[PDB]
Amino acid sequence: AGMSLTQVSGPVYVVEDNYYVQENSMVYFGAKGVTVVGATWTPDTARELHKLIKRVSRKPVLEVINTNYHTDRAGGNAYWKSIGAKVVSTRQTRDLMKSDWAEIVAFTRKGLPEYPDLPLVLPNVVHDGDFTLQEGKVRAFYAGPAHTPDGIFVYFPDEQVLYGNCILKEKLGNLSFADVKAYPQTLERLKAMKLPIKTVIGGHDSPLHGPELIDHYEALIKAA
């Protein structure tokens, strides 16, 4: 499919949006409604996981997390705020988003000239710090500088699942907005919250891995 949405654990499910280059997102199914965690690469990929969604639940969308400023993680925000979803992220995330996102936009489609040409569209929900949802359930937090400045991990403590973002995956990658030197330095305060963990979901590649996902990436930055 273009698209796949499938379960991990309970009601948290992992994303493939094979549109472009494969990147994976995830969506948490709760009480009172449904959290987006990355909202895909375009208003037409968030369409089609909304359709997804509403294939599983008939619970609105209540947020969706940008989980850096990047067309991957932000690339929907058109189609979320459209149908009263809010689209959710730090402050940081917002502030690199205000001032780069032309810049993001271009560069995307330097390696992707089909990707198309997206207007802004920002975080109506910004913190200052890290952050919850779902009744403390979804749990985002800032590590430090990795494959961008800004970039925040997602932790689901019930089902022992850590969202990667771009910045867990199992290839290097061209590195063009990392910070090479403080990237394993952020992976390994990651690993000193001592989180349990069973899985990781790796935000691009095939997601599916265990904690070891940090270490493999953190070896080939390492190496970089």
The other form holds:
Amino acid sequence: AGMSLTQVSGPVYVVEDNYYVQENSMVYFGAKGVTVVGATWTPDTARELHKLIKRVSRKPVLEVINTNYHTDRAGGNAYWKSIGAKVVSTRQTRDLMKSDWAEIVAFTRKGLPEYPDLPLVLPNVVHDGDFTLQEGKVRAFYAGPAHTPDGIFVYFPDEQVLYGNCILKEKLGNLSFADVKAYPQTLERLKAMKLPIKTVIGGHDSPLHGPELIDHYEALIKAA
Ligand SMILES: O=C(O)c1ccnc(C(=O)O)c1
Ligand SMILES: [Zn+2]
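Next block: the form solved in complex with ligand PD2, after the form deposited without ligand PD2:
Every component of the complex follows; first up is the chain already shown.
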């Protein structure tokens, strides 16, 4: 399919978005409603994800988290706003999106000319720090710069699932915005938190990994 939505553990689902360069995002089906982690590539891909969500649950999509300011994590925002979902980010992500959206769209279109010239759509729920959703069962945090300056991790304590965002993945991927020397320092700050992790969902390539995906990418970026 163009996109799939598949259970990984309990209420935690993985989105494989095969549009453009495959990106993986996540969905949490909560008691009051649905949290989407990563807005997907475009308003069209977001609409496709919503269609999948509505075959699983009748509960509203409450919020969508932009885990960085890039097109693969925020491109769907217009759609999510349009259906009354909150668009959630850190202040840093929001600020970088305001200043740099035009540039990331342009950059995206250099490699993907077919990608739409999307107007800026900012988060309307902005956090100054780390934050949680779903009664503490979705936990967003910053552990330093890596693939971009602002990228956050999302952790699901009950299921011991870590969303890797653009940060953790199988291949090196794109380093144009990366802080290559800080990247492993950020991964070591993450590892030092000693979070119980059974599963890491890579934001690109094949999603399903164990905690060793952290070590995998760390070794790669240290050779870059
Ligand atoms: O290869 C790309 O165009 C691409 C697009 C979005 N994200 C990444 C990444 O490495 O995170 C790479
Ligand atoms: Zn990415």
